[PDB]
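J.: The residues making up each chain are set out below.
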Amino acid sequence: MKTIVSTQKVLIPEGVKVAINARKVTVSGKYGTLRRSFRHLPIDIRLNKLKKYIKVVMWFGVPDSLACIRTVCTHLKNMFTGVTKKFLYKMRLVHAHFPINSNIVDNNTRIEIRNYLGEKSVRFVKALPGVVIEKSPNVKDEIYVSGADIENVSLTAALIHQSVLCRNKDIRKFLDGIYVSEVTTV
Amino acid sequence: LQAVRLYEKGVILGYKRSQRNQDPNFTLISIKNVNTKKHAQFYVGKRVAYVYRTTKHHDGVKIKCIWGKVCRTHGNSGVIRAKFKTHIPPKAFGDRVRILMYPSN
Amino acid sequence: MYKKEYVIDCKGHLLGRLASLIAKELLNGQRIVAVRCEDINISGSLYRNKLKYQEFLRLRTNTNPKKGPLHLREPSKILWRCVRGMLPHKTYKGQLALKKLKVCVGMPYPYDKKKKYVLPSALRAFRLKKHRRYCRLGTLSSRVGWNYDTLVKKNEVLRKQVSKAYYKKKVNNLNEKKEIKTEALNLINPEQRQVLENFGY
Amino acid sequence: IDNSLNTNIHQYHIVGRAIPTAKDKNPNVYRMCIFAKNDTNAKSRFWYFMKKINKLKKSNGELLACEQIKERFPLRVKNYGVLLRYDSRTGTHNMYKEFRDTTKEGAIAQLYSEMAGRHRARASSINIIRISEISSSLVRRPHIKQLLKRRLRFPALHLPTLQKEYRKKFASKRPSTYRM
Amino acid sequence: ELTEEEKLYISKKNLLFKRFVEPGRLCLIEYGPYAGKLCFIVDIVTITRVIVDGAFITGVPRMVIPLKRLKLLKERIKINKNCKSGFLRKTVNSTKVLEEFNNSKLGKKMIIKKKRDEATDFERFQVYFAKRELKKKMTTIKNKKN
RNA sequence: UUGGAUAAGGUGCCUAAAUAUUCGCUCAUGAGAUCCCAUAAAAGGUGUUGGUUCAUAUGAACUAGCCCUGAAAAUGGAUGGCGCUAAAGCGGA
RNA sequence: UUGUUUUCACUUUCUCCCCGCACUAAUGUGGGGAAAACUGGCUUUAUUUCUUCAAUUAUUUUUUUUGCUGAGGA
Ligand SMILES: [Mg+2]
Ligand SMILES: [Mg+2]
Ligand SMILES: [Mg+2]
Ligand SMILES: [Mg+2]
Ligand SMILES: [Mg+2]
Ligand SMILES: [Mg+2]
Ligand SMILES: [Mg+2]
Ligand SMILES: [Mg+2]
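Residue numbers (our numbering), protein chains in the order written: chain S, 122 to 307; chain D, 18 to 122; chain X, 14 to 214; chain H, 8 to 187; chain V, 579 to 724.
Hints were generated in silico from the structure; no laboratory data involved.
It is possible that some hints are incorrect.
As the list claims (entries may be wrong) - Output of the computed footprint for chain H on chain V, the stretches with three or more beta carbons under 8 Å from beta carbons of chain H:
1. 614 to 624
2. 647 to 653
3. 693 to 701
To be verified - In silico DSS-like cross-links for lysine-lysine, where the CA-CA straight-line distance does not exceed 27 Å:
4. H:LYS171 <-> X:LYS126
5. H:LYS104 <-> D:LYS26
6. X:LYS90 <-> X:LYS128
7. X:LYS90 <-> X:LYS181
8. S:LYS123 <-> H:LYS171
Claimed, not checked - Between beta-carbon pairs, the in silico distance windows are:
9. X:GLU204 <-> V:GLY614: 39 to 49 Å
10. D:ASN42 <-> X:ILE201: 56 to 66 Å
11. V:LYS659 <-> D:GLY62: 16 to 26 Å
12. V:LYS656 <-> X:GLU204: 53 to 63 Å
13. H:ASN45 <-> V:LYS674: 27 to 37 Å
14. S:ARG157 <-> H:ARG147: 55 to 65 Å
15. X:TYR161 <-> H:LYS176: 45 to 55 Å
16. X:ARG146 <-> S:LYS145: 13 to 23 Å
17. H:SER183 <-> V:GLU600: 33 to 43 Å
For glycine and all other residues, C-beta sits at the position ideal for the given N, C-alpha and C.
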C-alpha cells in the first residue's frame, strides 16, 4: 500500500536560531552550535521563521518508511534541548574491597582510573568533542559528564562504563564497576 | 569549401546471421542519424557504394568500388539489409560506405 | 559512433551497465577514453562487495600462482577486466577491439582540456531506488591494497581551480560577444533582419 | 485507437437448455455472465459450469444466445467489489476485493494481475463470483478510501518516458530528475 | 482577516514541489501515438491512471492515459467539479491560456523548431546569406573596437 | 540453388533480435534466475505483503506468497561467463 | 420463482453563517448548518466543415515507396 500524505509538527523554543537548506540542519543557542544532516531519507521539511514549528512531510510512503518521521522529530527536539540546557549524565563508581581512584586531567577531559580490583595499572578514556568530565561537588563517588549533545555525552558515559568490565570471574558476585545512575539536564 | 558531399554516411556491420551460422548473402548496415524502424524505411531503394584503396595500380588508378542496394529493414532500430553484386570481404567490418541518393523520388 | 574519439567521465555510473555499453561501441569500431575511474558505483553494500572480492582473491593456480588469475586492484584495471569479459577476446577481431580502449584514474593532460560526455542509461541517479545500498570503487580498492586514493583527490582540487578560472574568462568573452552581436543587427538591410527574425537566429 | 493499452477481456451473456425428451419436454433454461477473451472461450466456460453445477453436458444440450454486453458510460469512474475463490498449493480459499476503474472488465484485468503478483495464482485455478458496483460510503478497503477525499492533489514523481528517437545514448550534460 | 505581513509571507515561501496534478493541469504528452501535443487532466482514476482531455482545439480526444507518459507544465485552469468537453472548450477560450503558454521559454522554442523543419531549399540559402552578411558587420565593429 | 515467411526457443554484452511497454512481489554479513537436469526435509521467525473469523478500534487466533534459520569436506571455480537490485530476479498481460 | 408499487440515500461551488481565529500539505484548513441550479442530468425543435459521426464484424473498391525472378521459342 501507499499513503498520499503524512505530516508532523515540532515547535521551536524561545532562545534558538535555526536553519535548514537541503535536509542539512544547524541550530544555535546559549551553549554553542550543532550541525546534523539527514540526506538519506525522502522528506521535504518546511521551516516557518516568523512562527515556530518546523514541519516534516512525506509523499507516497509505506509503513517501513513512515516510521522515520517521529525519529527525525525527536532528533530535532533533542538538539533544541541541547543548546539551551546542557545534558547531564551522573555516574557512581562502586567497589567492594579496593577503592577506585579517579583523576581528571587536560582541562577536564581524560579521566584516569587506578586500583580497579587492585591491579597497579592505569586505564584511560578521552571524551568526545564537546564533552566535559568532572567529579561531583556533593557526594563522594560521583562523576559528571555533560554538555550540549546527547549522542556524544551518552557515548562518552558508555565508554567509561565499559572501561572497567570484570574478566573471568562470576559477575553476580564481583559487582565492582562504574555505572550510570541518573540522566538529567543542567 | 570544395568537394560537396551529397550522401549519407554508414558503417558496415557483419552478415545476416544467427548464433553459430553465417549466411553471407546479405550484409547489415548502420546509417548515421537513423535509429527507428519507420525512419529506416525511407532509404529502401537507394544505391550503396563501398570505396576502398589498394597498393598497386590496376587500371591507372588505386581506388575501386563494389556496388549494392538497400533491400529492407532489420527490425526496430533503423538497421538495414543490403545486397551487393559480390560478397563483401570480412576484413571490412568497421569501414565506411556511402549511402547515395541517385534513384531520387 | 561516427567520431574519431569519445571521452567519457565515469563519475556516477554503475559498473556493469557502463561496461556493457562500451563493449558494443568497441566492437562496431570506436575509440573510447574513460577517465575518473575511481568514482564508479556498484549496487550493493560496501561489505557485500568486499566479501565478493575476497572470494575473487582466494582462487589461484595451486601448483604455480605466477600463472593463473591475476588480481588487479586499481580502479581503472577493474573496469578494463570487466569490459574484457564481455568481448570475444580470444579471436583476432575481438583482440583488435580490446586495444581501442584507454582508461585513467584522475584526468591527465590531453583529456583535461577535451569535452567529456555521459551515458544516461548507466547513471545511478536514474537506475537505483533511493533506499537501496551502494558503494564507491575507490574505497573498495583501498580496502584491498591500492594505496593511491588520497593523491588523486589532492590533484583533482588543483584541476578544478584551474577550470574555474577558465570558465570565468569564457563567460566574460561570451557577454562581450553578445553586445557586439546586438549592435550589428541595426546595420543590416531590413529584409535580412526579417529573415533572421523569422527563424529565431 | 491505442493498441498498446488494450486488454483482451470482454463480457458475455449466454443462454442454454437441454434437448427435450419424452420424459422431459419443457426443460429448464439457464443464463450466465462470463468474462473471457472471445465468445468461444465463454461458451467453453458456460458448458463447464453447466456440467459441474447442473447435470448438463454439452453433447446433449443446445445453446440459445451469445450477446456480449457492452458498457454504458465508458468514461465515468466507478467503484467495484469482487468475490473470488481460488486454489492454493495446499487448499482452496475465497476472498473479497475492491477496485477503482471505468469498466467492469477493466477491473477484472486488474484482478488477474494482482492475484498473480501477490499469490502466484494462475488463471486456471480462479473462479470469479459476482462482480458488482458499490457505493462510495460502503467501501471497506483503505487503499480506495485514499482516493475519495474532498480535494485530491499530489506531485508527479516519475522518471521521464521519452520516445525512442530522442533517447540519445551518449549525452553531453547529465540530466535532472527534479522537474519540480 | 490577515494583515499584509502574513499576506506577502504566504507569497514568499517557494515550495519544493509546485505543479500538482488536479483538474486543469497542462501536461505536454511525451510518449505514445499522441506524443508532442497538449491536453488537460479532467479526472484521476488511481495513483497511476488519469483521464485526460484536450478540447477540440488540440488533436487529442478524451481518453485514459498512464500517468508516467506526461510532463506537468506551469499553467493551470480553474475548472469545475465534473466538467465535460463543451464547457471546457469555452473555459480555455475565455481564459486565453494556450497562447500565453506559447509566450513561455519552451513554447517559443517548439514553434521555432517546427518553423525550421518546414523550410525549403531557397529558405535555407536565405538564412545562410543573412548570416554571412551579419558576420561582416560583426568583424568590422570588432576591428574598430580594438 | 535463389528469394519469402515460420517452429522449438530467444531479444544487457558475449550473440542475430526490445537496457520494449504495462501491473504486482522481493534486499539475502553464503539472494535468485524454469521439462529431461544435474539434491534438500521436519520444525521455527514481533521480516514484509494480502486474506478469514471472534471480541469496546484496539486485542487474539488462523491462513499462504517472497525472504531468513535449520544448512559440515577435502587442487582454485562456476545460474555457461561477465555481471545484474527504477532487474538483466519471481507471477501475469 | 418474474413484472409492476412504495421508503431513504446518492451533486459540489472559487457563495453565506456559527465554532477553533491562521489553527492547513495547499494562493487555505478541521467540525456544524444553509442557499443556488453556474456545473451535472433529462424533454420539444433544426440543425452537422464551430465540433462529432467511434469500435468490431460481414460484404465490396482503390492507393504511395520498393526487393527477387524472365523457364519457352509452337
Ligand atoms: Mg561452436
Ligand atoms: Mg571463431
Ligand atoms: Mg533459405
Ligand atoms: Mg525470458
Ligand atoms: Mg546484437
Ligand atoms: Mg503479539
Ligand atoms: Mg539472456
Ligand atoms: Mg437560481
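J.: Now tell me if each hint is right for this structure.
T.: Hints, verified against the model:
With 4 residues having a Cβ less than 8 Å from any Cβ of chain H, the segment 614 to 624 of chain V passes the three-residue criterion, so the hint holds. With 4 residues bearing a CB less than 8 Å from a CB of chain H, the segment 647 to 653 of chain V meets the requirement of three and the coverage assertion stands. Only when three residues or more bring their CB closer than 8 Å to a CB of chain H does the claim for the segment 693 to 701 of chain V stand; here the count is 0, and the claim is violated. Among the hinted pairs, H:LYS171 with X:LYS126 is inconsistent with the structure: their alpha-carbon atoms are about 32 Å apart, more than 27 Å.
For a cut-off of 27 Å, the pair hint linking H:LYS104 to D:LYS26 is broken: about 58 Å separates their Cα positions. Taken as a hint, the X:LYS90 and X:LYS128 pair is honoured in the structure, with Cα atoms around 23 Å apart against an allowance of 27 Å. This hinted pair does not check out: X:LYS90 and X:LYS181 have alpha carbons roughly 36 Å apart, beyond 27 Å. With a CA separation close to 31 Å, the supplied pair S:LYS123 and H:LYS171 exceeds the 27 Å bound.
A beta carbon spacing of about 32 Å between X:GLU204 and V:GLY614 contradicts the range 39 to 49 Å that was offered as a hint. For the hinted restraint 56 to 66 Å between D:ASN42 and X:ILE201, the CB-CB distance of approximately 59 Å keeps it satisfied. Between V:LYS659 and D:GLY62 the Cβ separation comes to about 57 Å, which falls outside the hinted range of 16 to 26 Å. For the pair V:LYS656 and X:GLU204, the supplied restraint of 53 to 63 Å is violated, since their beta-carbon distance comes to about 45 Å.
Between H:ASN45 and V:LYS674 the Cβ separation comes to about 50 Å, which falls outside the hinted range of 27 to 37 Å. Distance hint check for S:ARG157 and H:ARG147: the Cβ-Cβ separation is about 43 Å, which falls outside the suggested range of 55 to 65 Å. With their beta carbons about 32 Å apart, X:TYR161 and H:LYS176 fall outside the hinted range of 45 to 55 Å. X:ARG146 and S:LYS145 have their C-beta atoms about 22 Å apart, which keeps the hinted 13 to 23 Å range intact.
Between H:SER183 and V:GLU600 the C-beta distance comes to about 24 Å, which lies outside the given range of 33 to 43 Å.
Of the numbered hints stated above, those contradicted by the structure are hints 3, 4, 5, 7, 8, 9, 11, 12, 13, 14, 15, 17, listed in ascending order.
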